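> For reference, the chains in residue letters:
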Amino acid sequence: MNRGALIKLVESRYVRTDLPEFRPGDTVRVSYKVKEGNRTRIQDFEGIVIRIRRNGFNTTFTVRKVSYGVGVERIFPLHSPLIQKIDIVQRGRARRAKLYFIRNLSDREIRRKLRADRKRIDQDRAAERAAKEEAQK
Amino acid sequence: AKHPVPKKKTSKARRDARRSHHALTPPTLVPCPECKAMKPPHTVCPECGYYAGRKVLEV
Amino acid sequence: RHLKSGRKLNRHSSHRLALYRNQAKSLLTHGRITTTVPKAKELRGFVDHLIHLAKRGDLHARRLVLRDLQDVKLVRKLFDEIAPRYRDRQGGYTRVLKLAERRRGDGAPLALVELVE
Amino acid sequence: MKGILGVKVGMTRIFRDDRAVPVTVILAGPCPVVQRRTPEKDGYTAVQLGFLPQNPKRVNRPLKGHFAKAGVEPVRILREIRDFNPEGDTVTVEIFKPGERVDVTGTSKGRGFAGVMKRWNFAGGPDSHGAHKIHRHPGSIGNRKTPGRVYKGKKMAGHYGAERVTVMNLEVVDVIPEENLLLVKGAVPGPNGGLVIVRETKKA
Amino acid sequence: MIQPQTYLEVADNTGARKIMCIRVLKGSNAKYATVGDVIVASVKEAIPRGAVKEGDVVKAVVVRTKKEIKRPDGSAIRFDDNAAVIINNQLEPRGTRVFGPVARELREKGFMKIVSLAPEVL
RNA sequence: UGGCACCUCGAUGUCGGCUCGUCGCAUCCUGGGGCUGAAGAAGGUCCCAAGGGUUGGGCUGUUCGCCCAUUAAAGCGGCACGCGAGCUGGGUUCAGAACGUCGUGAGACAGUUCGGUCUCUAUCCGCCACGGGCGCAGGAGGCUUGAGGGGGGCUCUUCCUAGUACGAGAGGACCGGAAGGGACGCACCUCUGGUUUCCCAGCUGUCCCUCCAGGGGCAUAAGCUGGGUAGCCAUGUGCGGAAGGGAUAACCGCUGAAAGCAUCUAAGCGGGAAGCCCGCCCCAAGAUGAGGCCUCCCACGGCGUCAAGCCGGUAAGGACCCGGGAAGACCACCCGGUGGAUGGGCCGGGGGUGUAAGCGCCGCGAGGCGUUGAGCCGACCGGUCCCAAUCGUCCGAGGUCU
RNA sequence: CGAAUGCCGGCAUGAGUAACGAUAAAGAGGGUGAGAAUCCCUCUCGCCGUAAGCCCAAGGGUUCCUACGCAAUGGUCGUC
RNA sequence: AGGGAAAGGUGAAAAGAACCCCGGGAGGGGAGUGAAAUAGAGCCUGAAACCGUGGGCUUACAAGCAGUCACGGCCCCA
Ligand SMILES: [Mg+2]
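Chains as they are written, first to last, in PDB author numbering: chain CS, 1 to 137; chain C6, 2 to 60; chain CQ, 2 to 118; chain CC, 1 to 204; chain CN, 1 to 122.
Among the hints, erroneous ones may be present.
In silico BS3-like cross-links for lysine-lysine, where the CA-CA straight-line distance does not exceed 27 Å [claimed, not checked]:
| hint | chain 1 | residue 1 | chain 2 | residue 2 |
| --- | --- | --- | --- | --- |
| 1 | CN | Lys26 | CS | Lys113 |
| 2 | CQ | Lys5 | CC | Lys185 |
| 3 | CQ | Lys78 | CQ | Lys9 |
| 4 | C6 | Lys8 | CC | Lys109 |
| 5 | CN | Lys26 | CS | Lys35 |
| 6 | CN | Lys70 | CS | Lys85 |
| 7 | CC | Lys2 | CS | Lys8 |
| 8 | CC | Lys185 | CN | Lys70 |
| 9 | CN | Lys67 | CS | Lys65 |
| 10 | CQ | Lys42 | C6 | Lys56 |
| 11 | CS | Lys33 | CN | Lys109 |
| 12 | CS | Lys8 | CQ | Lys5 |
| 13 | CC | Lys118 | CS | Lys8 |
| 14 | CS | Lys65 | CS | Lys132 |
| 15 | CQ | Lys26 | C6 | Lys56 |
| 16 | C6 | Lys40 | CQ | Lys9 |
| 17 | CN | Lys109 | CN | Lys59 |
| 18 | CS | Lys33 | CN | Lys53 |
| 19 | CS | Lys65 | CS | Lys85 |
| 20 | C6 | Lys56 | CQ | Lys40 |
Which stretches of chain CN does chain CS cover? Using the computed rule of at least three CB atoms under 8 Å from a CB of chain CS, they are [what the hints assert, rightly or not]:
| hint | stretch |
| --- | --- |
| 21 | 61 to 74 |
| 22 | 77 to 86 |
| 23 | 91 to 101 |
| 24 | 109 to 122 |
Read the hints as simulated data drawn from the structure, not as lab findings.
Where a beta carbon is used, it is the ideal one built from N, C-alpha and C, also for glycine.
Build out the structure end to end from the sequences listed, making use of the hints.
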């Protein structure tokens with residue numbers, strides 16, 4: 001009985017451990033999409049990430065696109081039909097956690113508010129370390 | 002002085018009947034060990050006191 | 002259904018805060034203090050925590066305590082003389098005990114608060 | 001009538017086939033049968049189990065070792081399960097298979113003295129225009145001279161919650177025999193750490 | 001969530017620019033409308049010539065909302081505005097076009113032509 | 001709408017609206033049924049049947065009506081034209097003013113026009129909730145039986161049977177089976193989405209600590225702004241009406257005389273409704289008819305009109321005081337009290353903020369870099385006797401009989 | 001005299017009930033005393049500052065200062 | 001201008017309670033005066049409403065303009 005908690009942490013046997021580590025910067029990625037009497041076809045959603053909300057398992061995040069005239073927001077469980085998830089630019093240099101702030105004065109002014117995080121770029125390049133040593137090790 | 006008001010004088014009997022539950026309770030007491038006295042439990046009391054604690058006087 | 006939660010309160014924020022700050026300044030100045038039970042039982046943890054910051058002793062924790070207590074003089078005593086006397090102790094730096102007899106004034110039952118040793 | 005005792009632990013959601021299902025986790029630990037009710041001396045047919053075993057021997061008069069499995073009468077006591085008569089030797093979770101349907105009794109959270117327009121969802125009165133001292137009130141409660149009184153049962157304010165409540169026909173999503181676990185399709189009454197009993201449903 | 005008095009933008013070239021819900025066409029007392037639901041409207045501004053005119057009483061189908069919709073998969077989607085597309089009593093677009101994305105919920109509701117004509121389905 | 005003037009002029013508030021309902025059936029929908037000038041589909045008309053349902057706006061003070069857009073339907077009435085110690089006060093109806101109009105005049109017109117004081121404290125009955133006392137013919141700790149109450153009872157569209165029965169075709173079924181909706185009801189906080197009064201940041205004025213740096217108060221009862229766990233919640237989730245069994249209503253039959261025929265009836269026997277009874281959920285032995293089952297504790301110890309009507313110690317047990325609670329106005333209820341993890345601290349994890357201070361480096365400077373997902377950290381999941389539930393006291397059988 | 005919403009006085013009921021007169025705000029330690037939440041002292045905290053500060057006119061008529069006091073007056077207490 | 005109350009009584013004699021006791025006082029309890037102190041000081045007599053304490057009968061499956069008639073039980077001088 002005692003761990004009303006660790007019991008629940010036990011049912012969470014569906015966790016993911018493979019998806020890129022990102023925060024209010026600039027991901028982009030894929031999906032699941034049903035129709036046509038099939039369960040198939042992956043669709044891509046490229047955009048700025050506005051919000052990450054933590055709760056152990058079932059933590060979610062959301063992403064912001066402008067499609068044609070209109071802007072769009074999508075919400076993802078961080079678990080299950082997300083095949084890949086690779087990301088565009090780990091810029092962010094956000095100064096805060098939620099930044100819905102951008103929706104209202106989003107244009108080219110976005111860009112001067114969200115420059116590149118040289119620092120976190122410099123360690124995605126430097127996280128290259130692929131052990132090149134095949135027929136060599 | 003305003004809207005709602007008693008229709009009739011409340012009778013002596015029904016006065017006292019309200020008061021059946023107004024009766025009082027005697028305070029609950031134990032004998033002060035480490036001294037001859039009564040004291041209410043879970044209390045420090047100044048004929049006495051405690052041990053690894055504060056109290057009245059010692060000369 | 003209010004209260005499924007906790008942290009008890011009479012008065013309003015700015016005032017309630019300041020109460021704890023003054024009561025604490027008192028304990029640390031006098032070693033023992035006497036008030037109503039509920040005022041006592043709250044003062045308990047607010048004070049324990051200032052003690053424990055003075056154990057780790059770093060300039061930071063100093064500046065952190067200066068916010069609630071405000072006398073430089075007093076805070077020295079806190080770090081220098083009071084903190085050591087514990088150090089090996091893990092919490093419970095403070096005691097609450099209930100006296101007999103109330104104020105013949107408002108019927109308010111009292112207690113005292115000791116710095117422990 | 002299949003039936004264990006148990007306790008709400010909390011809830012989350014999992015995935016199935018390709019969609020999230022909401023689930024609420026019950027701990028229906030092993031339930032040692034301590035007494036059988038016969039129609040020959042009790043008049044009715046039933047079985048008395050027991051639950052949270054743990055008890056530092058504070059057991060006096062109801063020591064009643066009298067049935068072999070007296071292994072320390074449970075903290076969370078013991079309830080009858082009406083017409084249910086198993087192989088008399090403790091009831092674990094194994095009784096319920098995934099995909100089975102269950103009714104679940106429980107003790108709703110307690111709201112205390114509740115106002116009408118919570119207790120009963122009334123309309124109340126306008127936040128503006130006319131009056132100001134009746135925004136949340138019930139309005140009228142009668143007619144005039146006939147009948148010249150208030151109906152028995154009238155919905156008025158009072159104590160709401162903390163009540164016995166059975167929600168019917170929930171799906172058993174899963175069962176971890178390992179841990180004495182039981183997963184159902186969300187929304188089961190009362191707070192975490194509360195006693196509940198779990199039975200078979202009545203469905204179609 | 002769309003209801004009587006809600007202004008929708010129109011994403012088609014029937015000429016009209018903006019409409020306004022008059023009633024939502026689910027059951028006897030349906031409270032609100034969402035994507036793939038059918039409303040009655042009236043027109044409130046138009047662009048000069050085109051089949052549809054200010055004042056005209058029309059039918060429409062909802063294709064975008066500002067209140068996110070929840071997928072049964074456990075994800076969700078939300079657009080910057082509330083838009084619709086103008087339908088005829090035999091349920092086809094009277095447009096020959098549609099501008100800006102649309103929600104896939106349309107496809108589960110049978111609004112195929114709209115979906116295929118669309119410039120994007122999210 | 002009136003007639004009459006019987007209680008009410010030491011007062012029985014008066015139209016319309018809102019809030020909350022409850023009852024009638026002379027039934028607007030949905031359920032049974034008989035005729036039809038019923039091909040089918042769709043109607044007409046009458047009979048049985050309230051169990052539940054009976055939309056949103058434009059105009060006017062309106063009731064009512066007309067109109068827009070929908071619906072299975074947008075039912076008619078009673079309860080002081082239900083409801084002002086429950087709210088409103090737009091209308092008639094006090095005092096101001098004007099138009100038309102009548103009057104020499106002062107003044108007048110359910111004709112118009114603009115304006116105009118609606119009372120903090122519930123004694124009894126009644127209602128919604130919650131306790132105290134005694135009883136239940138020994139005294140206890142548990143688990144139940146259900147006499148008898150209450151809650152709930154709605155309804156559409158599309159697919160398949162089949163575009164097949166029917167058909168002058170130009171449409172379209174019964175019977176039977178699936179799938180989605182709309183409102184309404186109980187419960188819940190995973191997700192979505194709110195609040196989250198000091199959990200974290202950012203900013204302005206000013207006064208202060210200590211000059212720099214760093215901080216504190218006040219600018220609400222949060223100065224302002226950007227975020228935000230737990231709990232409490234609906235815009236969010238899950239469930240619900242039902243299956244089924246019995247008896248019936250109009251109505252459809254069997255067998256059958258009075259009355260050699262025929263008749264549902266007079267002796268008997270079958271069908272037959274969203275309705276009745278039971279079934280589902282909830283309360284319940286003050287059911288003074290006070291129930292039942294499991295387990296426990298038993299001795300007269302000393303005195304009257306001899307089993308308490310007796311006082312004082314017991315038994316099994318139960319209170320008092322204490323630490324607390326998704327329990328709570330108080331009480332009650334539940335859990336703990338050293339033989340202990342109940343609250344407080346302290347330690348780990350969750351969670352929120354979003355790179356503290358100090359130093360080093362770069363810029364004349366505002367600033368910028370690194371150290372650093374740093375620093376601070378309510379409620380949530382846990383651990384640990386450091387603090388605190390110490391020590392004690394009081395009740396409580398000794399049980400008359402065929 | 002039993003009645004006059006009679007007159008004068010006394011005591012009841014409502015009732016341990018509504019209230020205790022600005023939501024600027026309090027805490028502790030020392031005194032004193034038969035007796036202190038309510039008096040004196042000290043240290044924290046909060047409120048006013050074209051005032052909730054200072055100076056005159058009217059009106060009031062010893063309320064000014066001091067020593068002894070607390071039955072009453074003070075919306076509680078009172079050594080003030 | 002004017003309106004306009006309430007409120008009398010120890011004892012023949014103050015002989016108006018020294019002294020002791022509990023209490024900050026106010027009150028009381030002893031003592032003492034008096035023929036009498038429930039004559040002790042807003043004190044002769046001290047009625048009624050109203051408020052207490054003690055004792056007998058009586059009541060927790062009833063229901064009423066509160067009484068009356070009849071039986072029956074208990075409690076006090078026959
Ligand atoms: Mg008139």
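> Indicate, hint by hint, whether the structure satisfies it.
Results of checking the hints against the structure:
Restraint check for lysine 26 (chain CN) and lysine 113 (chain CS): the C-alpha separation of about 45 Å exceeds 27 Å, so the hint is violated. Taken as a hint, the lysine 5 (chain CQ) and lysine 185 (chain CC) pair is honoured in the structure, with Cα atoms around 26 Å apart against an allowance of 27 Å. A hinted pair counts as satisfied when its Cα atoms are at most 27 Å apart, and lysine 78 (chain CQ) with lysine 9 (chain CQ) does not qualify at roughly 30 Å. For the proposed pair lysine 8 (chain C6) and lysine 109 (chain CC), the alpha carbon gap of about 43 Å is over 27 Å, so the pair is violated.
For a cut-off of 27 Å, the pair hint linking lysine 26 (chain CN) to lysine 35 (chain CS) stands: about 25 Å separates their Cα positions. Note on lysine 70 (chain CN) and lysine 85 (chain CS): the hinted pairing holds, with a Cα-Cα distance of about 21 Å set against a maximum of 27 Å. Pair hint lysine 2 (chain CC) plus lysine 8 (chain CS) holds up; C-alpha atoms about 26 Å apart against a cutoff of 27 Å. Restraint check for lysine 185 (chain CC) and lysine 70 (chain CN): satisfied, since their Cα atoms lie roughly 19 Å apart, inside the 27 Å limit.
The suggested pairing of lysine 67 (chain CN) with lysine 65 (chain CS) holds, with an alpha-carbon distance near 16 Å, which does not exceed 27 Å. A C-alpha spacing of about 20 Å is found between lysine 42 (chain CQ) and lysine 56 (chain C6), which places the hinted pair at or below 27 Å, so the restraint holds. Straight-line distance between C-alpha atoms of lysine 33 (chain CS) and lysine 109 (chain CN) comes to about 16 Å, which keeps the hinted pair within the 27 Å bound. Restraint check for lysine 8 (chain CS) and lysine 5 (chain CQ): the C-alpha separation of about 22 Å stays at or below 27 Å, so the hint holds.
For the hint linking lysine 118 (chain CC) to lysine 8 (chain CS), the alpha-carbon distance of about 32 Å lies beyond 27 Å, and the restraint is violated. Restraint check: the Cα-Cα separation between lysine 65 (chain CS) and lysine 132 (chain CS) comes to about 38 Å, which exceeds 27 Å; the hinted pair is violated. For a cut-off of 27 Å, the pair hint linking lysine 26 (chain CQ) to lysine 56 (chain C6) stands: about 23 Å separates their Cα positions. For the hint linking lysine 40 (chain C6) to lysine 9 (chain CQ), the alpha-carbon distance of about 30 Å lies beyond 27 Å, and the restraint is violated.
A hinted pair counts as satisfied when its Cα atoms are at most 27 Å apart, and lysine 109 (chain CN) with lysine 59 (chain CN) qualifies at roughly 16 Å. Between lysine 33 (chain CS) and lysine 53 (chain CN), the direct Cα distance comes to roughly 39 Å. Violation of the 27 Å bound is thereby established for this hinted pair. Annotation: proposed proximity of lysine 65 (chain CS) to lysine 85 (chain CS) holds, straight-line Cα distance about 16 Å (limit 27 Å). At roughly 21 Å between alpha-carbon atoms, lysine 56 (chain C6) and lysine 40 (chain CQ) fall within 27 Å of each other, so this suggested pair holds.
Only residues whose beta carbon comes within less than 8 Å of a beta carbon in chain CS count, and the stretch 61 to 74 of chain CN has 4; three or more means the coverage holds. Three residues within the 8 Å Cβ limit are the bar, and the stretch 77 to 86 of chain CN against chain CS gives 6, so the coverage statement holds. Requiring three or more residues with a Cβ within less than 8 Å of a Cβ of chain CS, the coverage given for the stretch 91 to 101 of chain CN holds, as 3 such residues are present. Look at the stretch 109 to 122 of chain CN against chain CS: 3 of its residues bring a Cβ nearer than 8 Å to a Cβ of that chain, three or more, so the hint holds.
The structure fails to meet hints 1, 3, 4, 13, 14, 16, 18 from the earlier list, while all remaining hints are met.
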